[PDB]
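Enquirer: The lines below spell out each chain.
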Amino acid sequence: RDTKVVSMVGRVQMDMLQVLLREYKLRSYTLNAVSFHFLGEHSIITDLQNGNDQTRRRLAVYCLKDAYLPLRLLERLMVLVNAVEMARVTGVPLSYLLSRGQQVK
Amino acid sequence: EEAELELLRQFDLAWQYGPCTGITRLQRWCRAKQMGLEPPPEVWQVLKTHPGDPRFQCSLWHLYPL
Amino acid sequence: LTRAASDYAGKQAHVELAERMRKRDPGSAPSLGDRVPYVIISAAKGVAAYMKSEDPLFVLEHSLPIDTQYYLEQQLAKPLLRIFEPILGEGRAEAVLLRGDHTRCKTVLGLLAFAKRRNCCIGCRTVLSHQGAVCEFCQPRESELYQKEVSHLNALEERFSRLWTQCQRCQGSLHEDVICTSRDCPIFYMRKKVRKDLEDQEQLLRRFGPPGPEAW
Amino acid sequence: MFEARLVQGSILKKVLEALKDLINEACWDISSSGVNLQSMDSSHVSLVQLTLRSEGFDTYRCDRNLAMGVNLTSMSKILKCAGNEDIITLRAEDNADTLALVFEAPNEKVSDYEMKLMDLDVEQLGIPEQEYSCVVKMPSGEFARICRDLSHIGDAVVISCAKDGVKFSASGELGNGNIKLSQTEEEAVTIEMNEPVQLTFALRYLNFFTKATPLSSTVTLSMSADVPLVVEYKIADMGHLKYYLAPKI
Amino acid sequence: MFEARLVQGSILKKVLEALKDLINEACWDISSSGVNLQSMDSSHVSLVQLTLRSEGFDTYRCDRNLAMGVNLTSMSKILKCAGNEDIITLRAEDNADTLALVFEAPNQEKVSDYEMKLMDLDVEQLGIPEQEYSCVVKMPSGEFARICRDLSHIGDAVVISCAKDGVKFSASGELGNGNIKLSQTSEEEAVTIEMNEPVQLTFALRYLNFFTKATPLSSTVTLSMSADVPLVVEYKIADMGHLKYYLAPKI
DNA sequence: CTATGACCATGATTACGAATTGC
DNA sequence: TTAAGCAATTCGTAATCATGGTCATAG
Ligand code: SF4
Ligand SMILES: [Zn+2]
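Protein chains in written order, with the entry's author numbering: chain A, 444 to 484, 491 to 554; chain B, 42 to 107; chain C, 887 to 995, 1001 to 1107; chain D, 1 to 107, 109 to 185, 191 to 255; chain E, 1 to 186, 191 to 255.
Source of the hints: derived by calculation from the structure; they are not laboratory data.
Please note that the accuracy of each hint is not assured.
[As the list claims (entries may be wrong)] Straight line, CA to CA, 30 Å or less: simulated DSSO-like cross-link-like pairs of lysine-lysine:
no.: 1; chain 1: D; residue 1: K254; chain 2: E; residue 2: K110
no.: 2; chain 1: E; residue 1: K117; chain 2: D; residue 2: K20
no.: 3; chain 1: E; residue 1: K240; chain 2: E; residue 2: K20
no.: 4; chain 1: E; residue 1: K13; chain 2: D; residue 2: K181
no.: 5; chain 1: D; residue 1: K254; chain 2: E; residue 2: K13
no.: 6; chain 1: E; residue 1: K110; chain 2: D; residue 2: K217
no.: 7; chain 1: D; residue 1: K254; chain 2: C; residue 2: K1007
no.: 8; chain 1: E; residue 1: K77; chain 2: D; residue 2: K254
[As the list claims (entries may be wrong)] Label pairs and their in silico Cβ distance ranges:
no.: 9; chain 1: B; residue 1: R96; chain 2: E; residue 2: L118; range: 42 to 52 Å
no.: 10; chain 1: E; residue 1: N107; chain 2: D; residue 2: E85; range: 54 to 64 Å
no.: 11; chain 1: A; residue 1: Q503; chain 2: B; residue 2: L88; range: 31 to 41 Å
no.: 12; chain 1: C; residue 1: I1070; chain 2: B; residue 2: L88; range: 19 to 29 Å
no.: 13; chain 1: C; residue 1: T1072; chain 2: A; residue 2: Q552; range: 42 to 52 Å
no.: 14; chain 1: D; residue 1: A163; chain 2: E; residue 2: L118; range: 23 to 33 Å
no.: 15; chain 1: E; residue 1: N84; chain 2: D; residue 2: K254; range: 34 to 44 Å
no.: 16; chain 1: C; residue 1: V933; chain 2: A; residue 2: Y472; range: 48 to 58 Å
no.: 17; chain 1: A; residue 1: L460; chain 2: D; residue 2: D21; range: 32 to 42 Å
no.: 18; chain 1: A; residue 1: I493; chain 2: C; residue 2: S949; range: 15 to 25 Å
no.: 19; chain 1: A; residue 1: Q552; chain 2: C; residue 2: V1069; range: 16 to 26 Å
no.: 20; chain 1: D; residue 1: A163; chain 2: C; residue 2: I1070; range: 32 to 42 Å
no.: 21; chain 1: C; residue 1: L958; chain 2: B; residue 2: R96; range: 53 to 63 Å
no.: 22; chain 1: A; residue 1: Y472; chain 2: D; residue 2: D232; range: 45 to 55 Å
From the three backbone atoms N, C-alpha and C, an ideal C-beta is built for every residue, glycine too.
Please take these sequences and the hints and turn them into a complete structure.
Expert: Here it is, written out as structure tokens:
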């Protein structure tokens, strides 16, 4: 896999897509497909934004539901608790469990 | 033209005339007039100075498999 | 879609679909490491199953047919012959290939546009001049042939309504339009074909007259 | 019950050798007006339409409108077990799926075959009647040789109908050539023209269409703007046989 | 500007039908003497000399000593699209590297006008010797083809013995030995073995089958041989000129 | 007009290269 | 600068060989 990285010193990044793609072997890796598998659920947007303000309010409620789903997945799947326990049993930092393999440990 | 194509796109998304993506444009204009909500007399006066063109007499998403 | 050189070494179907861009979007296409979905359409290039593959949304919007013989002999048949043989002999291969044989004889499907203006008899499939539904030899048995197929229209009506109101509950609102073309939902494109089944089955029953007036 | 009797079985054998290569399955619409058939080819390109009128059968009897499903290969194998002078009768029930053919020699020998039919779920299509504007009536042998001779060069052919005559041109890797024909009984080439025509058609279909040459002496070609070219033959006091092919765009 | 006509034009079909199985190409030398063709074979055993005088034609205009090259079998496939009663006409421009063939009909109603493109040629060319041929035989062509094909089902190569009283066509094969004897017959069906000194030679019978491809091409066939030299079979193209096939002998 | 020969293709079978799972 | 390892069953895809069928020629 080929990824870009962006530098942030002090702060930690956890894209949930990379955690799914590393741990789980599934059939489709779309947000809709993993939200059905675990929970149970472009050109139109350009005219919901060039319209009125209740259309923009509908667009904002959609965007907030999108931004809320990975939090629920992070706390429900016990991701972060297992990452902290892995870093305490192996002795490697918390950024190495998203970038490296099984040799550094 | 190019100013008449934004008036119709503005009539098509105003929520006080109805939830209209299954029907024509002039049918929704007459539906609101029957109930008399407040149809404006300009979205009528461009649907009369044209023939049966599919980019005036059709809803915004009359493509789009929804 | 793995590393590009191993897929350079020998021609595959998904690699051919991915590397063939679209006219609409040369900026959204599969990259290295993801999964490409496809279906196999019917054509006459039998040397290559990598020449018959298409995107599911493209065969949705452009309505290409499906190769039922490909799916019958290449996808289905051999796993079934793995499973069903060890309980019986080789008369079990003949039993499932004969259970195919009683059921293989029922198939449904430039110049092709210049058709219509008449329809075939509902009873015995004989093309003829005029619009009446029944044939002159099978004219007597008509109450039974109307009885038959209105229990089909009745079951298509019941399937339209269970689907197009499920989108209203998955969307949240009961007063505004549905916009969800989610390609991973079975709901999408199963709600699209029942409109056409109903469109076709409603027009077949107007061959028969109306059951009464309507301008009174 | 259906029962027909016809004295010239040769007409039946010529019509069955018209079609055994282009078509594999068909449905016969037996009526009280004759024996009529429509079909598309296997490639879904061309249309056949065959009419044997009710009078020309010299002993006709049909009770009820039938529809028979015939595999044309087995029938073409059966109708070559009958010499060119025999008298052919067809016998069918209105409750059965099996046809009887009896061949009567004109001298001590009579033969009778039974053939199992099949039920098929085909759809029947047709044509609307419009006035094609270029009307050619030409000898069939010349048309057969012209198509067969242009065939070795390339695969398309352009038909060019002008005032005095028609002109067929064809190209290919070993060059190109045309053949003219001009206005000048059945060896004549009668040419009616209102608007001139130039169109392109592929040769494999035309070399299929010229398989039924022993049915008549002349052949009628009808053209118009952007419509499928019509090739028409007549069978003497029996009916006709038409092929239909669409032009390239 | 080359423009020539031939009314009894079946002879061109007849020569190129007996040309295309031998060789794949030809060096067409158009001179004011007419149409000529010297060309080797492909196996380096044989040769074709076609000579067509102008006085064997009908209507003639030659302004150039043209020296062109024809791929033979495609030209034969084009020549298969015209009948034998049909008039053959050739047209050629000295700048436009193509051949324009015009097939007229005897009833003139079917007109054909075909065009074959040109390809370049640098073909080898050797001269035949002129000498004394110790045996010249005039024979019917059909009987000659019949005899050598009757020998083709015995073996592969033929031995010939040419002498005064009879001529001896012998061969071996996988079924044993055989030979047929001929003699003079005391205008087309007459034979003559003109002989000075008797000889024996070896030749290839398969090249005799190749040479008898011109069986309908003349009144009579001529067979000219001498010691250790190319056999020349002659088909006298009637009123036109002649076609001579050379076969270099065997050892 | 038939019979024989040649060519051409088409179909089937076998052998090799590739996604996923068993360790 | 960083990467967990190999054994495969198995089926698909491609290539090669065989077999017949059709067309054209020649008698
Ligand atoms: S199509 Fe499927 S996913 Fe989309 S709104 Fe309807 S039920 Fe939900
Ligand atoms: Zn009926």
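Enquirer: So, for every hint listed, does it hold in this structure?
Expert: Quick rundown of the hints versus the structure:
no. : hint                            : verdict
1   : D:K254 with E:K110              : 27 Å, holds
2   : E:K117 with D:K20               : 40 Å, violated
3   : E:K240 with E:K20               : 19 Å, holds
4   : E:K13 with D:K181               : 22 Å, holds
5   : D:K254 with E:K13               : 35 Å, violated
6   : E:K110 with D:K217              : 22 Å, holds
7   : D:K254 with C:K1007             : 22 Å, holds
8   : E:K77 with D:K254               : 27 Å, holds
9   : B:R96 with E:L118: 42 to 52 Å   : 57 Å, violated
10  : E:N107 with D:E85: 54 to 64 Å   : 35 Å, violated
11  : A:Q503 with B:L88: 31 to 41 Å   : 25 Å, violated
12  : C:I1070 with B:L88: 19 to 29 Å  : 25 Å, holds
13  : C:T1072 with A:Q552: 42 to 52 Å : 44 Å, holds
14  : D:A163 with E:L118: 23 to 33 Å  : 31 Å, holds
15  : E:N84 with D:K254: 34 to 44 Å   : 35 Å, holds
16  : C:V933 with A:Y472: 48 to 58 Å  : 33 Å, violated
17  : A:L460 with D:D21: 32 to 42 Å   : 59 Å, violated
18  : A:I493 with C:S949: 15 to 25 Å  : 22 Å, holds
19  : A:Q552 with C:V1069: 16 to 26 Å : 51 Å, violated
20  : D:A163 with C:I1070: 32 to 42 Å : 59 Å, violated
21  : C:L958 with B:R96: 53 to 63 Å   : 45 Å, violated
22  : A:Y472 with D:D232: 45 to 55 Å  : 50 Å, holds
Of the numbered hints given earlier, the model fails hints 2, 5, 9, 10, 11, 16, 17, 19, 20, 21; all others are met.
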